[PDB]
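Here we show just some of the chains, and they stay where they sit in the whole.
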Amino acid sequence: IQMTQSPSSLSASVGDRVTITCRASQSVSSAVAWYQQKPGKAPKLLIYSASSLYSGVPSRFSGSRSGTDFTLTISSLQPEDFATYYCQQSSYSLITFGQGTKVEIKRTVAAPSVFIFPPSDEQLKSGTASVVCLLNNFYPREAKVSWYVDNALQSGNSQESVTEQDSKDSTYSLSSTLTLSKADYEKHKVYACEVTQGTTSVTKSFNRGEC
Amino acid sequence: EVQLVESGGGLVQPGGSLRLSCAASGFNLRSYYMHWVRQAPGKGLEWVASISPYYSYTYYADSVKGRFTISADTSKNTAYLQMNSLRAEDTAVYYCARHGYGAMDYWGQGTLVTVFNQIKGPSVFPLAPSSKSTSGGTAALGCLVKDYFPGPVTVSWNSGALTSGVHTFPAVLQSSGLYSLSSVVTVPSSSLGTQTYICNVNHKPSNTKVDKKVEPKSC
């Protein structure tokens, strides 16, 4: 069958009741299973026979079947439940999967605590200077990180990495790494990191030499 | 405990050949239905193939039927996935899982299979003979093979009749990751007026054959 999973994504705060619907195009095989694929891990079996809770699966998850619309229910959303969820049919050796439903955890909008790190004395001796800017425990995911060197805006020499959603407070975390040569770092004084969320922008800075 | 370990991943060109391995521990692999599932980077789940305990009834997805082979070796307690006629869509993380009840109970860590920079037909440009190049009664002409992937390209001249003076150069790797070369032949300066000269380039990877007739340069 053609497992049509609805919706393709959704966001819900902690404690919400979450429903994901998976509709089989034309089938009567009650054998339908639910899985949870956390980012970067293998799919974890949750519900089999579209009713039975695999051993070791939290209560909150429950399964049902509206004839063709097999539904997965999370009674009380926990921050750990953020993941992508898939539904799976097994007809005559016909294992078909749904397109997938990503679940993000909504949370009260919060600003990041920002720290800036000058490159270490060791890394300077090697010849490369990496200045790293940290955005800690903020929501939502999106932001604008800009690098400034002596009030001159930098571009193309930065790499950013964002953590997955925190499984306790539902917030993110981001690190922007600015890479420069030793000679370039020794040729400037003012290093600043600017972060822009909505109507608010914050800038941490350090001056080469100030101790 | 019940543990599925996968190995054999890497990068291969379209076609190629890759045998993914899936070794099991804590259970007899000959006593369970075993499945192969792939996940394209940033995409959904697609079932690849399956095999039956003992009976060894192999099942395949229609997207791989005729290219992939799933086999199991009871002695090593390991299941395998042989991958031939690989394509761009075959780029995914491949997992091996064990059938439990009516689902997949245990899963492996998954190993990645990646396709190369994809096939690319060559571009053929004429190395135009000129009177300025024309040296006494010896003129030179050729036709350039540029930006092809992967190798090789077979270049011949005038359907293979022209052999004397033909010089096909070894392929280079341009900075764009694309192979390139050229083939030239020296001709009598008088023959420029009458003898037509066609280069025969064949790219079996792309199943493309180009035939360009090199001709005097003009404005």
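Every chain is named by a letter (A and B) in the order it is written, and numbering of its residues begins at 1.
Basically, a residue touches a chain if its C-beta (ideal position, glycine included) is under 8 Å from a C-beta of that chain, and two chains touch if they have at least 3 such contacts.
Novice: Each kind of chain is drawn once; how many of each are in the full complex?
Specialist: A x2, B x2
Convention: only the chains that are shown with their structure count from here on.
Novice: What residues on subunit B touch subunit A, complex-wise?
Specialist: Touching subunit A from subunit B are residues 35, 37, 39, 44-47, 50, 57, 59, 95, 97, 100-105, 107-110.
Novice: Within the complex, which stretch of subunit A touches subunit B?
Specialist: My answer: residues 31-33, 35, 37, 42-45, 48-49, 52, 54, 86, 88, 90, 93, 95-100.
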